[PDB]
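Visitor: Below, each chain spelled out in residue letters.
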Amino acid sequence: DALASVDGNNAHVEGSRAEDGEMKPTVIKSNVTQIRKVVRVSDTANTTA
Amino acid sequence: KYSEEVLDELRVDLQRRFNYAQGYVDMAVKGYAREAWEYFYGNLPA
Amino acid sequence: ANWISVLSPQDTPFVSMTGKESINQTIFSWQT
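Those sequence lines, one after another, are chains A, B and C.
Reading the first sequence from the start, the letters are residues 52 to 86, 88 to 101 in the UniProt record's numbering.
So for the second sequence, the UniProt record's numbering puts the first residue at 5; every next one is plus one.
So for the third sequence, the UniProt record's numbering puts the first residue at 20; every next one is plus one.
One or more hints might be untrue.
As a list, the in silico DMTMM-like pairs of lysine to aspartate or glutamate whose alpha-carbon atoms are at most 20 Å apart [as the list claims (entries may be wrong)]:
no.: 1; chain 1: A; residue 1: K80; chain 2: A; residue 2: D52
no.: 2; chain 1: C; residue 1: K39; chain 2: B; residue 2: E13
no.: 3; chain 1: C; residue 1: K39; chain 2: B; residue 2: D12
no.: 4; chain 1: C; residue 1: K39; chain 2: B; residue 2: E39
no.: 5; chain 1: A; residue 1: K75; chain 2: A; residue 2: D52
no.: 6; chain 1: A; residue 1: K75; chain 2: A; residue 2: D95
Rather than coming from a laboratory, the hints here were simulated on the basis of the structure.
All chains should be built: construct the whole structure from the sequences, respecting the hints.
Guide: This is the structure:
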């Protein structure tokens, strides 16, 4: 979320009504993951010495 | 007075023995132990 | 019947008469 701009004219009168205020939603963000290697070899060996 | 040829022969014998022992022990124990640990936390059934 | 018959010709004298020796490579060599 991000706050609102600052006001510089707050000079409300006394004994008056509560004016509707500025309210905003909260922005959301999302992402996704990513996916390996190749082990090509002979492998016919490694069973005996 | 240990000869280096003796040590080389020992290295070869030990390497082949370790290869056989690994090839056995893997499918003997670890193939089951991995899935057992996975079931421990219930992560295997997808 | 709870068994099977198998001829199983298994003389194999040579294998037991020559012993064996482990190696650490697919190609061994000697010199003489």
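Visitor: Check each numbered hint against the structure and report the violated ones by number, ascending.
Guide: Hints 4 and 6 contradicted; others consistent.
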